[PDB]
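Only one chain is included here, represented as structure tokens and corresponding to the form deposited without the partner chain.
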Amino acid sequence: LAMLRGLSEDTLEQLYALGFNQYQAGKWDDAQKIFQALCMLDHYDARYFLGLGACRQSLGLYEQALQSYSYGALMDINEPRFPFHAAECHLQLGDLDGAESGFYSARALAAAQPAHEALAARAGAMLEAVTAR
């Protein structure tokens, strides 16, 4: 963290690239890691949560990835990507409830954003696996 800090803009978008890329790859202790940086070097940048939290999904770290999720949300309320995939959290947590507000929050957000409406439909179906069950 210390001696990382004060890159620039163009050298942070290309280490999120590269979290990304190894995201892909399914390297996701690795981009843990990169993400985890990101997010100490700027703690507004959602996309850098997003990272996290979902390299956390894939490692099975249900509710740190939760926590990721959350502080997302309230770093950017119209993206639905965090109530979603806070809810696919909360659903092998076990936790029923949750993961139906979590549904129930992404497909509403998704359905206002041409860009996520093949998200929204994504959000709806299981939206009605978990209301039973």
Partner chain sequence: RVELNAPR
Contents of the next structure:
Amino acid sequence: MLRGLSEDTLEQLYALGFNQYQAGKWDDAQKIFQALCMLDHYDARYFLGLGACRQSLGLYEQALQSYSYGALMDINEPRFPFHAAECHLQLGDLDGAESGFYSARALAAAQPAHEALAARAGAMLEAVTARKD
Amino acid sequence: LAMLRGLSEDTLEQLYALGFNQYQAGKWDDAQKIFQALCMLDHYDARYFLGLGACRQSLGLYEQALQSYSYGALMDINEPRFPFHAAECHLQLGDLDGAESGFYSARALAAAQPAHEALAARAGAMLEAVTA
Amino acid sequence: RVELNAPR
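Give me the form solved in complex with the partner chain now, not the form deposited without the partner chain.
Starting with the chain above, the whole complex follows.
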């Protein structure tokens, strides 16, 4: 019944969802992001938001579905494979985590805004390779 | 609707405040959709039905607003703003029997409430208008 | 935990 909202109202609804996320209100934030992912099928921020909420609630497989779609919407964003790699790790899937942290390092290395993440992705990758070996 | 079910008190209130904010900004069809969701998702609240009825009036959906105000009055019988605004819609609908009644009732409810003392004579003045 | 894009 919310279909057809203006961008400016979507923006305020994204703000609302982001704020609930910052306050650790993950169930409520998840619902707001799930709404926005229905309203706008292409805005990667909404899928990042939905993923992050599910991750914080321990719903790793559902977090992976959101991160996977998001990554299709912004092929340059290092957060998707990075947080996906965390979920794979918590699921005991070392090969998935290694792939994600590898991709995240490559995406983050190409962008100066993401210099801290690049180093984290490299650190996590090294940690995971150490466990497989 | 189905998915947006079960939000906390604080989130519902922030959502309500966004609806209001968009209504105060002239974005009435966005506000309308927000208010209708609130009316459906939350337990009864005066401001939702008043907000929704207010949007619908700004959009000249005088029949749909009247539905909102009538549900409101039904669930909140001491609130003078429902029959007052319902009378306003009755007027635009050219139903002066309806208008006369709502203003009369609006007037009677407000007179019994110290906070609404001013409102009682917007109703009073509007009542005299209708009886002619 | 995850760093989301700031709104406004």
